[PDB]
Every structure is written in C-alpha cells, then in structure tokens.
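Protein chains: 2
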Amino acid sequence: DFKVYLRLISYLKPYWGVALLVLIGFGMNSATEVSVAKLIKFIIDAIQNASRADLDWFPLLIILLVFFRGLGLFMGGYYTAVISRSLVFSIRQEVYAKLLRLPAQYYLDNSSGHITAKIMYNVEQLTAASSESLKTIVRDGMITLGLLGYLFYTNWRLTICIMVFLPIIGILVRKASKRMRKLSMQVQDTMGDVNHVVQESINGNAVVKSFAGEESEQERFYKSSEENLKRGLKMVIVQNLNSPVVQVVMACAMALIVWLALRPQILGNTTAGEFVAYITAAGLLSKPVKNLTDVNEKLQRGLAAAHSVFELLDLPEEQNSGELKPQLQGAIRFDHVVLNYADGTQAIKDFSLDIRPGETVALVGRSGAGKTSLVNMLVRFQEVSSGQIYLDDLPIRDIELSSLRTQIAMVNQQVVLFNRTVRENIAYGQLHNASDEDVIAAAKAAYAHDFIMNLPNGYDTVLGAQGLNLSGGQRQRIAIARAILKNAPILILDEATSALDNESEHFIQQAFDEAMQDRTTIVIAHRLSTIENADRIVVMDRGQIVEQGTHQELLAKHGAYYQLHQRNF
Amino acid sequence: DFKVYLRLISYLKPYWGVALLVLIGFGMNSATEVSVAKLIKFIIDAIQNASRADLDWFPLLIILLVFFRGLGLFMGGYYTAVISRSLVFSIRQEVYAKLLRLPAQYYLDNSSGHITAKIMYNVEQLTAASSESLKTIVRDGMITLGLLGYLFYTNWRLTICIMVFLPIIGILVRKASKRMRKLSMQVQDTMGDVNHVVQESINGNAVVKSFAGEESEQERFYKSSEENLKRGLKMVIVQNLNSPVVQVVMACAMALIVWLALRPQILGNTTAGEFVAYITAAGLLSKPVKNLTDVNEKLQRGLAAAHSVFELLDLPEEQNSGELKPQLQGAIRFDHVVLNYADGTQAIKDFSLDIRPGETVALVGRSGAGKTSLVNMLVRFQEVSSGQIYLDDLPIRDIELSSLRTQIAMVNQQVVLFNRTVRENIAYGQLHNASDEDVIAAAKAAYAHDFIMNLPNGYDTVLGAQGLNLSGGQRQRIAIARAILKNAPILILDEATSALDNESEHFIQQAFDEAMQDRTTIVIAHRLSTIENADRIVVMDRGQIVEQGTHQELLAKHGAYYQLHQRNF
Numbered sequence: 004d005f006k007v008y009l010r011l012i013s014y015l016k017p018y019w020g021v022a023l024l025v026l027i028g029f030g031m032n033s034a035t036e037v038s039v040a041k042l043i044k045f046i047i048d049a050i051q052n053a054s055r056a057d058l059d060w061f062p063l064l065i066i067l068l069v070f071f072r073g074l075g076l077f078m079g080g081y082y083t084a085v086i087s088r089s090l091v092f093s094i095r096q097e098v099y100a101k102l103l104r105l106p107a108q109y110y111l112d113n114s115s116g117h118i119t120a121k122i123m124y125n126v127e128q129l130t131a132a133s134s135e136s137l138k139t140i141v142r143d144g145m146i147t148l149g150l151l152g153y154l155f156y157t158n159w160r161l162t163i164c165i166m167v168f169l170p171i172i173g174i175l176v177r178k179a180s181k182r183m184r185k186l187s188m189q190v191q192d193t194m195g196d197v198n199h200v201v202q203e204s205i206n207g208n209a210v211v212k213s214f215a216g217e218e219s220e221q222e223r224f225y226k227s228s229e230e231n232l233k234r235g236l237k238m239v240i241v242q243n244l245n246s247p248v249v250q251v252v253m254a255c256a257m258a259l260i261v262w263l264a265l266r267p268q269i270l271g272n273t274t275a276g277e278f279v280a281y282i283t284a285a286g287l288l289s290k291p292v293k294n295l296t297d298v299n300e301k302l303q304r305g306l307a308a309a310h311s312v313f314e315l316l317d318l319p320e321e322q323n324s325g326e327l328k329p330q331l332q333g334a335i336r337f338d339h340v341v342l343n344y345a346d347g348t349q350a351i352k353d354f355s356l357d358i359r360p361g362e363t364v365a366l367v368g369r370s371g372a373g374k375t376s377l378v379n380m381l382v383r384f385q386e387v388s389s390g391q392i393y394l395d396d397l398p399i400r401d402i403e404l405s406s407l408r409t410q411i412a413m414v415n416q417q418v419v420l421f422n423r424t425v426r427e428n429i430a431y432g433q434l435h436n437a438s439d440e441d442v443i444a445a446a447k448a449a450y451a452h453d454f455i456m457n458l459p460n461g462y463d464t465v466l467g468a469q470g471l472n473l474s475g476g477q478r479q480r481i482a483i484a485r486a487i488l489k490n491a492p493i494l495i496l497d498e499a500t501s502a503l504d505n506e507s508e509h510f511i512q513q514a515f516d517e518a519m520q521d522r523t524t525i526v527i528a529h530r531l532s533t534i535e536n537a538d539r540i541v542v543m544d545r546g547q548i549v550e551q552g553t554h555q556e557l558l559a560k561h562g563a564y565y566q567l568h569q570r571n572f
Numbered sequence: 004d005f006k007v008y009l010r011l012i013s014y015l016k017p018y019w020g021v022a023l024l025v026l027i028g029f030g031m032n033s034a035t036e037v038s039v040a041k042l043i044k045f046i047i048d049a050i051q052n053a054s055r056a057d058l059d060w061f062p063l064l065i066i067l068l069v070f071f072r073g074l075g076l077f078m079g080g081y082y083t084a085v086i087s088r089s090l091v092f093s094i095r096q097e098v099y100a101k102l103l104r105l106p107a108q109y110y111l112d113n114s115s116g117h118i119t120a121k122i123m124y125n126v127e128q129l130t131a132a133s134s135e136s137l138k139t140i141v142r143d144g145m146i147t148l149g150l151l152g153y154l155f156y157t158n159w160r161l162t163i164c165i166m167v168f169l170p171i172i173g174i175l176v177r178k179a180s181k182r183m184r185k186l187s188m189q190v191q192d193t194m195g196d197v198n199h200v201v202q203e204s205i206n207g208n209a210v211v212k213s214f215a216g217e218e219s220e221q222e223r224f225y226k227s228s229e230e231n232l233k234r235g236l237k238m239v240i241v242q243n244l245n246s247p248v249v250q251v252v253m254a255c256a257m258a259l260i261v262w263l264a265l266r267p268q269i270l271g272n273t274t275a276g277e278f279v280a281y282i283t284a285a286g287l288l289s290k291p292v293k294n295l296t297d298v299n300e301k302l303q304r305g306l307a308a309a310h311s312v313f314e315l316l317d318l319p320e321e322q323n324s325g326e327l328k329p330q331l332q333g334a335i336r337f338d339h340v341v342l343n344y345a346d347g348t349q350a351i352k353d354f355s356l357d358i359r360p361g362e363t364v365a366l367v368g369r370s371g372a373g374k375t376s377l378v379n380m381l382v383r384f385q386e387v388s389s390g391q392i393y394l395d396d397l398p399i400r401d402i403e404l405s406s407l408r409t410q411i412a413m414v415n416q417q418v419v420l421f422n423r424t425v426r427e428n429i430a431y432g433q434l435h436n437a438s439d440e441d442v443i444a445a446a447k448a449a450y451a452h453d454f455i456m457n458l459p460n461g462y463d464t465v466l467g468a469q470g471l472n473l474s475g476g477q478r479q480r481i482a483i484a485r486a487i488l489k490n491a492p493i494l495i496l497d498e499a500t501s502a503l504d505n506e507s508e509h510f511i512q513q514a515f516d517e518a519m520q521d522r523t524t525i526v527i528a529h530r531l532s533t534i535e536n537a538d539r540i541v542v543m544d545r546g547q548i549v550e551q552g553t554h555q556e557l558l559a560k561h562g563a564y565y566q567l568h569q570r571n572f
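In order, the protein sequence lines correspond to chains B and A. Each position in the first sequence, counted from 1, maps to that position plus 3 in the authors' numbering. Each position in the second sequence, counted from 1, maps to that position plus 3 in the authors' numbering.
Do not rely on the hints blindly, as some may be mistaken.
Note that identical chains are pooled: a pair holds if it fits in a single copy or bridges any two copies.
[Stated by the list, open to error] Taking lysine to any residue and the SDA-like style, the derived pairs with C-alpha atoms no more than 25 Å apart in a straight line are:
(1) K181 with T296
(2) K178 with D297
(3) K293 with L244
(4) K185 with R104
(5) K560 with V541
(6) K226 with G20
(7) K226 with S38
(8) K293 with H339
(9) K560 with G371
(10) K178 with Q513
No lab work stands behind these hints: they were computed from the structure.
Chain B extracted, bound-state conformation:
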C-alpha cells in the first residue's frame, strides 16, 4: 500500500535532519500542551498561605509558556510544510521521469497528458495533506503519551481504571455520530425532495393572467414542506444533543473519579490541584483523538488517488532493450509488420518495408486507413510482430537508443511549439552544444527570416505568452526551420498532409526540396515536381503496402491511381 511512500521516505532519509526537526517540533508542541495543565496545577499553589514568590512569575510563567508553545508550533508547522513541499517536488520529478520514455498507449489510448497531470497534482496535494494529518496524528500521539505519563506519575492504578473506562465510550460515540449523520442525511433528503419540487414550480404567468387563485395551493405545498422541515430540524437538534451522550460518558469517567475519591486512598492522596490538572488534561486529550478521527478519513480521501498514482508511477515500463550503435548508412528494412490498433484485431498485417541502403524512396496510397498508425510504427510506437527488422546489418533493437532518437524527426501536424527563445526552439536536441554561426545559417535557411525573425530580440526572440508575438503561418515556418536545421543522418517524415496553403509556400517548398537532397527519408510529398522526381515508389492499398514497382510506370499511368493520389477522391 505504502510502497511509494516508503520509497519517498527513503529518499528523504537525506532529509533525515528535517524529519527529526519536525518530530522534535511536534513533540515540543505536545510537551507545551502538557505543561499547560502542569502550570495550571501550579496556579492553585499560589493560593496556599505563603506562596508569594511564584505569584509574580506566574504571569511571566504563562506568558513565556505561550511564547514557547507558539515557537514550537511555528517551527513544527514550518519544517513540516517544508518536508511536504520537498516530497511534492521529488514525487513530481520521479513522475516526470516516468512520463519521459513512456508508452504510446498513454496518450494514444487515454487522455494521459492533461488529465493524468491534473490527477498527479491533485494526488500530490492530497498526499501532502495526508502527511500533514499524519503529523497531526503524531502530535495527538505524543499528547496521549504525555497524558499517560502524567497519569502514571499521579496514580498508576487509577489511570489504569481511567483508560479502561475510556476509549470504548469514545468509539461508541464515534459510531453513534456516524449513524446520526446518516439519519440526518436521510431526513434532509426526504425534506429536500419536496423542497426542490416546490422551488421548481413557480412559473405560469399566463395562469395568473387567467385566474390567479393558487395562493392556497402554495400555502398547502409549503405546509407539507414545512412538516418535513420540522422533522429535519428536530433531527438536527437531536444530532446536536447526541454530543450529550459523550458528555454522559465523560460523566461516567467523573463517576469513576468520584469512586476513587470514595476510596479513602484518594483522600490521603488528596490530589486537589493535581486532580484539577488530571481532569483538565483528560479534556485536552479529547481534542487529540477528536482531531485524530479525521486522519483516516482524509487519509482514504487522498489514497483514493495515491493508489492509482503509484500504479501509473510503476506502470508498464518501456523496456529499452537495445544495443549501442553510433550511426548507420541507411540500410533499413522492416519486414512483416503485423499490428493494428492496440487491444484489437490485425489490420496492418505483414506491412513489410525493405529499402535499399542510402537511397531515398517514397510511398503513396490511401490518405487514411491507418497511415498515421504506420507513421507511429516507424516512430517505433509499435513493433513488427512478424518478420525480421534488420537495420545496419543487425536487428532493429540492435542499435543505440540515442541514435534512433537522434534520427527521429517529422514534418506534419505533430509540431511541438515550445514557448521559449527562437534560438531555443531552433535546436530541438543538444541546444547548449550548438554554435551561433550555425544558428544564423539556419535562420537564413528558415525561409521566413524576413518575417518569422521580424520580432523582438531577433535570433533571441523568446516566444511570449503562448506565442503572443507569433502567428500561425510564422509558427509553421519556424517549426519547419527547427526541423530542417537538424543534421540527422535520416530525418524520415510522414508528410502526406503537406499543403501549399501556408504563407511563403514557394520558398518553404524550395527549402524542403533542397534539404531533401542527401537525406534518406520516406515522405508522401505534395509537390508535383517532387512527386515526379522520386526514386522508388510502392503502391500501398488499404493502409498497407500492397503493390510496388517502377515509379516511372505509376507516374506515366495517369489513370485511377494518379487521380486517387492527387485529388484524394
């Protein structure tokens, strides 16, 4: 249950000092609460003939006592909230780390990002308040320790009898209060049904324009509602009176005290001010358990999210089973990709794709039918359930994770605009290891240098409030620049959604065509010249590679295939 909590505690074993300070503060608060009744006993001592010496300090005694209590409570709350915030931060850091290198089905299947982040935050605050109630529980436990200690110091057997008669009636009162609250809710609903019915039947101006005689009808409806209301009010008063049962319990406790007094042993003891202190502390003890009852309540309230939180933290890990290959030449062949939407049947089955080394080829076919799914598969969102995905004269997994990440690129609607510096957005990977001359060269290559860079700070243009200084076309141009500037060995992008409706379409297309040289990539281009300039093409049908052959024959056919590819039906 508390595995992740124990993990965080082990981490904050580095904050062992903080934890010890927090415990010291809570214990100091409890000791101050005990000293309250303690010094209270000293008050009566002043009233015993000659006691005048302590009388003056008694004022200063209570003053400095309150001062020390405030100091301890302040320090405890401070360090406690500090520890809580530190735990929130560490939990968030681990949560992000898990979110990094996460699985596709996180966002692909569920609303992982926003919803799960808000759940993480809600659970963070919840577990924080849970640790806080735990600290309050520690305070109450130290308070009970002090009560038992004073009890042992005063009269061991009497305290034993007191504990015997105690707690049981308290739990009985807790159960009685729960039942009373349930009955109050039931009666309140019984009255509130009629209450809402009456409060929802006031329309009908035309009816008044006709007759307007329903005054007695409203009187009668309100009369029945008022009968139910009297019932509920009496129930609420009974709920208030229920605490007198706990009063009767404390009265039986006082009766036990009176019986101890009936034993002459107490008389010879003559507890007196000590007895006053004992009763006072017993009362002080009541606040501790009273607060402590809510501890489990809010504890469950928070665990309701914390369980799923730790589960997602320990959710299915993306097993990075991979070799360490620095770079390859371009000999990539994925064979027999048999997969479809997860938790379903097989639709893109045996989606084999074998490509000659070095050369760049393109594929065309139906716009939909899982084309984006095929792209994600290329992005290794899934794996070829069949065949042999041999890359760089070795398996697909037989490669470094970084190199695959380094070659990772795409030019589609999947654009990640980071609200940061234009230079920051220019270098997606290893920005701190990028030269400024290369940055200026890329800005020249941006195909929107006179427009996109036409903003404050130029090359250092920090994206404003959600890109308040950026437009859609300029944002698209900037994203294209950021992608193109990357010198990846193979920046294969599924660009079937390429359109010329954006600004600087000619310049952007020319820059893309220039960058396409010396870059092995499989993109469904939208330029007619680029389409006619392709090297190798395969006729993909039903969302999978169904046919292939020379691209010249397909280009020169100009029939149904060309019409479907161009006009998109």
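Chain B is already provided as a structure; the job is to place chain A on it using the hints.
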C-alpha cells in the same frame, strides 16, 4: 435596512411565545455555561478538610449539569430553527403574493421567474442563517452578561480594570488577523501564479521523442516555485504564530490579575478557587466574542441578497385602479395606443382599435413587427398612452378586475400545462365550483377524448412526472380543450401562430370553428374557410393597424396582400 425584517417580526409577534421560548433557551444555555465555571469553583471546595458531603454529588452534579445544558441547548436550537422555518414560509408566502399580480417587465424585461425564485430561496436561507447567527449573538451576549455579573459579584473594581484592559486588545487582534489573512492571500497568489504556470507546462511528448533533456529545466522551475512556496509556508506559520499575540494580550490580562494580587486586598480576599473560576470564565468569554465576530460577516453575506429581496418585495406595485363591473356586451374600443418596447421609443403608435358591440372581427397583417406585443397590450400588459379606451360605456379602467381576468383567454404558444389532474387542468378558473357533468361534456368537446383521455384515471388523469404520460400533440389537445371549455363572455385570443401540423388537426379546427360562434374575439385564423367567413377585417401594416375596409374586397383581391397573408413571404 431591516424594514422587511421588522415586518416579519411583527408578523411573528403571533409567534411571540415561540420567540420567548427561544430567548429562554439561549439564556438557559448561557446560564449553563456560567454554571460550568461556577460548579468548577465548587470542585476545589471538596479539597478543604471535611467536605465529603458534596464529594459524592459532585459526580452527579457534573452529570446533571451536562444534562440540563444539553436539554436547554436542544430546546433553543429546536425552537430557533422552527422560527427560522416559519419566517422562511411567511416570507415565501408574501413573496408569492407580490409575484401574483406582478408587472410585465418582470419576465418581459428580466429573467424574473427562475433566477429571481432561486435568488429568493438563496436569500431565504441566507436570512435564516442570519437569524441563526443572531441567535448565536444573543447567546454570546447573555454569556457576556453572565461574565459581567460574576465579575460584579466577585470584585467590582477589579472587573472594571479587567474590562478596561479587555476588548481593546481583542479588536487589535481582529485587525491583525485580517491583515495577516490579506498578506497570506497575497503571498499565496504570488506563489500560485508560478505554481499554475508549472502545472500547465507538462505537454510535449514529441519533444521527448526528439531530445528529452528538460529534466533540469523542470528541476529549476520547481526550484523557483519551491522558493515561493517556502515564502508562503513561512507566512502561514507566521499567521499561526499571530494568535500568540492574543496570547500575549491574555498574558497582560493575567499581569493585571497578578498586580491585583500584588495589592494585599486580593490576598485578604484570597479569591483562590474563585480566581480559578474567574480566569476560566474569561476563557469561556473568549469563545463568545470569537463566534460573534463572524456574525457581522455572514450578516453582510446574507444582506447582500436580502436588500434586493426586500426591494423586489416592495417593487413597483401594479396599481389595480379599477371599477367593479360584472360583465359587458362586447362594445370595446381601444383608441390611440402609442407604446412600444419599454425604456425605448414609440413604434406601435396610435394603434387604435374600435370594434362594434357584440360582433366578432379579425385582423391580419405582418406576422412580426410586434404582433405579440399588440397581443400583450390587449392582455393589458401595457396601456394606450393616448386616446380614450372606452369599454362598456365607460373607461378601460372602469371595470372589475375579476371580469377582465374572467374574460382573459388565449390560444397560442402561451400554454400553461399544470402537472395536476386532467380534471384539474380542465377548469383553469374556479375549478372547485365546476360540475362533473360539465367536465364530461368538455372532455367530449376535447376533440381528443379517445386519445388525450386514453390514460390512467381517465377524467381524473393526474399529469405525471412532468407529464410523463402525455405527448406533445396530446398536451396541445388538452390545452385547447381547457381553453375552449371556458364560457367566458369574450375569449379573445391572438392565434396568428395557428398551424395544422398537430394531430387531429381537422377535428381540432372543427371544434375551434364551432366554439368561435357566439364569441366576440379577434384572432388571426389560419383556416381558409374561417378566413373567408370573417365579418370585419382591417389591413394592419408595420405591426400596427394601418388600413381597413370590407373583408370581402380584401378576400377577392387575391393579390400582394393575400399572398403576404397566406405564404407569410
């Protein structure tokens, strides 16, 4: 300010007994609270050599004391909530009465019905809780009375000095707490801006797919957030420590007590257990004022609605300046109606309508341009600002209000379906003075007797949960039956929106045509035969009667006017 409150109090002067019981209960609760410290003083008396007699009863003393306190508190809360509910009911009754015979601009101009009803209910609950806090204030005031009484009984001059040193530091603490809360809110917002900014910047899975290096970025953002959080936490701890200022105030009070003790006069007095009781009560007094502070808070919170509530209660009354005329023959002539949408210019200006006695005539023209406004004017939603509206050889106002209400009728979208018995819905006015034979005759005249009455209980068919057993067409037929069954001298309805798309259109139209006989009414009928069978017609243009003449000429023209009237452009 409290005029309506005083009015309700004058009404509940009939509940003077209830009020006296409530005051008695609150005073009993305060007396019990005083007796707490009182008997507490008696406790020490047991510890004074031979006191054994009271020792046994002391248990029973505390027990029966708690019992009496619970009894009094229960009775007070009970009768208090009873009075609150009674006040809610009376206020609601008066509110409905005002809502009855209300002005047009209530619903016509504003969302009076639902919104104002919910406002009335919110204000009702608010003023109820306000009276409740007032009762708590009465409890606190009686408690202060008891404190001052015990103070006078113990030591008048000492109590004077105590009151002198008191209250001032309490108000200072109140102001300090308000300022501390404001500072806490400011610091919490200062931290929470960055908190929300961080909690809203976690997206970007594609960025991770590319580089995934922002771990240190998150660490730094969280570091700044944590700095702000440490600031806010220290502020909250300071807020907690602020109560030690009030502790220091009570410490100065204890210092005053100690100085009184430094006067030997207290020593000769030797308050002892009495001093213990005095300090205890002073503490008990703290809870009273502590609760009382919120009284003004919630008082204003409720008055925020109560002021507008009493205003709408005393809002512009519909001055029923009218004579007492039982019935008329049908000689109605409204002249020079110069009015338009309220708080605006004049559009339907000089909308005169003079009709011969007895005969029934119809008017046609543009569908819109304030036709419904003209209908409402006929419904006396407004008045002819010019001309002489002479009815029954006397002014329009020179007639009984009931007779106008009796003649009030309409067959349009303004249908008031009352979720009640079919017989109840049949007789809109004076249902309890309607014969069952006439009810059966009307049900036969319903034109949907085989369909509308084809439900449970037949003639006693109570409309279910929002008419769960009724359909739209059956509901329209039932409404038509309810309207037609009324034997009003003139049931003039603006039926320009008449359509034949409903079920039993032929039967309903035949019944309407039959009922049209021997009934003076101005309706823009949709039946071609009814249109051709009209007696007198007037050509109304631009939403007002612009032309007139023989209806035969207009019917035989069959030109632009007929096309506009029929096809509705």
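Hint check results:
| no. | hint | in the structure |
| --- | --- | --- |
| 1 | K181 with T296 | within (12 Å within a copy, 30 Å between copies) |
| 2 | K178 with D297 | within (13 Å within a copy, 31 Å between copies) |
| 3 | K293 with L244 | both (17 Å within a copy, 23 Å between copies) |
| 4 | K185 with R104 | neither (48 Å within a copy, 43 Å between copies) |
| 5 | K560 with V541 | within (14 Å within a copy, 75 Å between copies) |
| 6 | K226 with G20 | between (65 Å within a copy, 20 Å between copies) |
| 7 | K226 with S38 | neither (56 Å within a copy, 40 Å between copies) |
| 8 | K293 with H339 | neither (66 Å within a copy, 77 Å between copies) |
| 9 | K560 with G371 | within (23 Å within a copy, 63 Å between copies) |
| 10 | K178 with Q513 | neither (78 Å within a copy, 70 Å between copies) |
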